[PDB]
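Okay, here we've got a single chain as structure tokens, the form deposited in one PDB entry, with questions on binding and movement later.
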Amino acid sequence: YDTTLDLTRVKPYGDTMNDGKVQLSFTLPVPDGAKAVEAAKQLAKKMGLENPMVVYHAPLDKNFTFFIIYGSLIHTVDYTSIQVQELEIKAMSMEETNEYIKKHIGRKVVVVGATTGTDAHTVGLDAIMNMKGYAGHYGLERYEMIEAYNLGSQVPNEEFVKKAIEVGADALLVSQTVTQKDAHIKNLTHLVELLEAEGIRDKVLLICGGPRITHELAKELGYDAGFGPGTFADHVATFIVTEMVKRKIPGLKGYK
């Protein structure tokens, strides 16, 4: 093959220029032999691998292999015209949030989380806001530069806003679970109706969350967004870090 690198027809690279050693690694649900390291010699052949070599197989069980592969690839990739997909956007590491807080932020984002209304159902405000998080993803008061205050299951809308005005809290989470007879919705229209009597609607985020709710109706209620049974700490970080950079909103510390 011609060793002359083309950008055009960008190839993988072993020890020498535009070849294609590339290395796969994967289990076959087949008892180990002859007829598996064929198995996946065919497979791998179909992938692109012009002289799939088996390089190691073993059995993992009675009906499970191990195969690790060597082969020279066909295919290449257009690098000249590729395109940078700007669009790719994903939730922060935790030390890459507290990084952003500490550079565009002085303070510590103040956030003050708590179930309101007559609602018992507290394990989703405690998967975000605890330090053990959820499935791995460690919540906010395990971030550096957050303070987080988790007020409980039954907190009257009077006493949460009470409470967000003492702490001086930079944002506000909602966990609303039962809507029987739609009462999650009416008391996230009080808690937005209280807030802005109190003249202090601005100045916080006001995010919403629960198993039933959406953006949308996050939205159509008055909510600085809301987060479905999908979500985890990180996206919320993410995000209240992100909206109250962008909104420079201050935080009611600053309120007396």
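What we label the rigid core is the largest C-alpha set whose atoms superpose within 1.5 Å from one form to the other. Numbering follows the first chain given and starts at 1. Compared with the form deposited in another entry:
Among the candidates 221, 60, 225, 200, displacement between these two forms reaches 2 angstroms at the C-alpha for one position only, 60 (superposition on the rigid core).
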Second form
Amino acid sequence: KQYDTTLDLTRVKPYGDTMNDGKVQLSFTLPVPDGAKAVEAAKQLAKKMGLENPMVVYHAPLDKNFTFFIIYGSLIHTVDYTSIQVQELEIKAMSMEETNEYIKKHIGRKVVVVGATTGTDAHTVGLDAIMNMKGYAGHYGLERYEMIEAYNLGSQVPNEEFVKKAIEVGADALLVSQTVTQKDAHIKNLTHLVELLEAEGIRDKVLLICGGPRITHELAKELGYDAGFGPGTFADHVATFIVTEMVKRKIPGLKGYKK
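Okay, that's the form deposited in one PDB entry, but what's the structure of the form deposited in another entry?
There are no partners or other molecules in what follows, just the one chain.
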């Protein structure tokens, strides 16, 4: 065509079938009855979103007052792929033997980890993958690590029980499991745990790790945690981060240092 363009990494926009067409798909419900007014409202909402020249390919009523739409449209906005600052979750993992050697050489003593699915949450499959020595897809857990004493407290653990057990066992790092952001109780529970640790005064003496199927590093750092892990994490990543951070910031730990 006369005015078609080539790729530009500073102005990347979606790709339906041509380099810079920017075609997008989206679906949503509206609390209005079906009709031509509903279609016009959806089109106006799509135009306000950014999709210039939208086209409603589907619309059907779910109820007497609800309609479900599907829209395809050409976008206007562009993102700059070269200046993106990414997130702070980039990490690479050393092997188990390397972790043991690092702990022996630098710290000189075993690292204690206490993990639990605090709050009312019941799931333990991810935390058992990370902790349990059986491993997950060939990645052995923290319990297997020779120089790591890992405790698995299960689920439905109250925060008070968690902090009390951490103090009793002399924990150097604490792990907390949660679930997707559509669970909104995870934020409140994590904030409550942080407040409890601050009140106890043990916050500075231990690390904090929070993860889950859709936890992210940005949210973890916003809450006050020291890290955040999502899907695809394996025990070697966690062990590497714990050892490296412990040596970098010289966490004293609670081992033989009860409050």
